[PDB]
Amino acid sequence: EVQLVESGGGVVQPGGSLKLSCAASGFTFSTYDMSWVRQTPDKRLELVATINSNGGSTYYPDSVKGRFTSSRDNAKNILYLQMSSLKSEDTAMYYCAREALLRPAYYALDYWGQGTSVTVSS
Amino acid sequence: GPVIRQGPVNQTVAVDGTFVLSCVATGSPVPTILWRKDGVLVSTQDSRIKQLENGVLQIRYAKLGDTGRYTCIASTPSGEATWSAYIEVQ
Amino acid sequence: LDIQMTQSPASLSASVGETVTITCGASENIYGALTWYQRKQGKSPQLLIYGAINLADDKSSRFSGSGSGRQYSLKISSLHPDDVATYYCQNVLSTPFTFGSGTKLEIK
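Residue numbers (PDB author numbering), protein chains in the order written: chain H, -1 to 120; chain A, 8 to 97; chain L, 0 to 107.
Simulated from the structure, these hints should not be mistaken for laboratory data.
Some but not every residue of chain H turned toward chain A, in silico, with C-beta under 10 Å:
(1) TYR57
(2) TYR58
(3) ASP60
(4) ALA103
Within a straight-line C-alpha distance of at most 30 Å, the following computed BS3-like cross-link-like pairs (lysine-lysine) qualify:
(5) L:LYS107 / H:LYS41
(6) L:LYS107 / L:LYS58
(7) H:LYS85 / H:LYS63
(8) L:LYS74 / L:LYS39
(9) L:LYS103 / H:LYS85
(10) L:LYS39 / H:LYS85
(11) A:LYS57 / L:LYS58
(12) H:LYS17 / A:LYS70
(13) L:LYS58 / L:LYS42
(14) H:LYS74 / L:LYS42
(15) L:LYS58 / H:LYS41
(16) L:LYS39 / L:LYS103
(17) H:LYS74 / H:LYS17
(18) L:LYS42 / L:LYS74
(19) L:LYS107 / L:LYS39
(20) L:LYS42 / H:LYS41
(21) L:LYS42 / H:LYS85
(22) L:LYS42 / L:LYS103
(23) H:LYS85 / H:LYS17
(24) L:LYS42 / H:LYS63
(25) A:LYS70 / H:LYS63
(26) A:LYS57 / L:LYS74
(27) L:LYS107 / L:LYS42
(28) L:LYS103 / H:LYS41
(29) H:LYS63 / A:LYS57
(30) L:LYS107 / L:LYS74
(31) A:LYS70 / A:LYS57
(32) L:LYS74 / H:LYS41
(33) L:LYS39 / H:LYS41
(34) L:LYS74 / L:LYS103
(35) L:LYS39 / H:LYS17
(36) H:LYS17 / L:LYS42
(37) H:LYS17 / H:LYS41
Calculated Cβ distances over 10 Å to all of chain H for the following chain A residues:
(38) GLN18
(39) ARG43
(40) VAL47
Cβ atoms here follow ideal geometry from the backbone N, Cα and C, with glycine treated the same way.
Input sequences plus hints: build the corresponding full structure.
Given below as structure tokens:
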């Protein structure tokens, strides 16, 4: 049984900050790259963060670059996404996903958490 | 006798991005493709670097040191073909 | 500069037992570096296809991914009530790794 479990979502004011967690268990977290993906109310989806096995490489699209920091803790098995300067267009369901191990080795996410809700404004 | 229809192209990529080089090759038998970067055979072993299908080389989490001359080699028992391009990471 | 993924149709309702095609277009040749995900209502997505043509392990063969170049398709054969979901294609060639907007599949 593989488990991904996001926490720390909620409502925040424009410009605010937030720190999300993802508790993982039932697999070797230290072997895998992880992704943060989100889902706007319009039902569009958008990859917002990728992080590698040991945490030594990170990638962020232009839409969130500088405002979003991703990091992991491989001792206690958790994945974090720190968000600061949050804008209304960041209102989204955020998922914690695992990068599959494949041949040929294309980018795909085989396991997703059930997400944590994030809302921005008033 | 192998001939490269479309070789790799000149690109500017962002640091930490994923980019590819592609090399579309015809011939008979089907030409195997290799990749050299700055005259040396690219190590798919380093796990950023991936030889994918349809003759694509992919490089994830891009680094400044990935700037250079990437060369495609298309090979057949008959012969081989060459096509190169320059990648600048910033 | 960013690579477009367009999905046709936006939505559709069809009947049980039918075959139904969903298409995905890229503004450029993405060499089959394309992945499909299924999202049922109130659920996280789930991998369906990778590399455009390779089916995920614990998923029904009723699903088939095909295509090459700029044009791709997902076929759902013999429609089941549990296939009700949104389907999303994604460019995994080069960043940003854009998703198509997705396709709501409904039963009549």
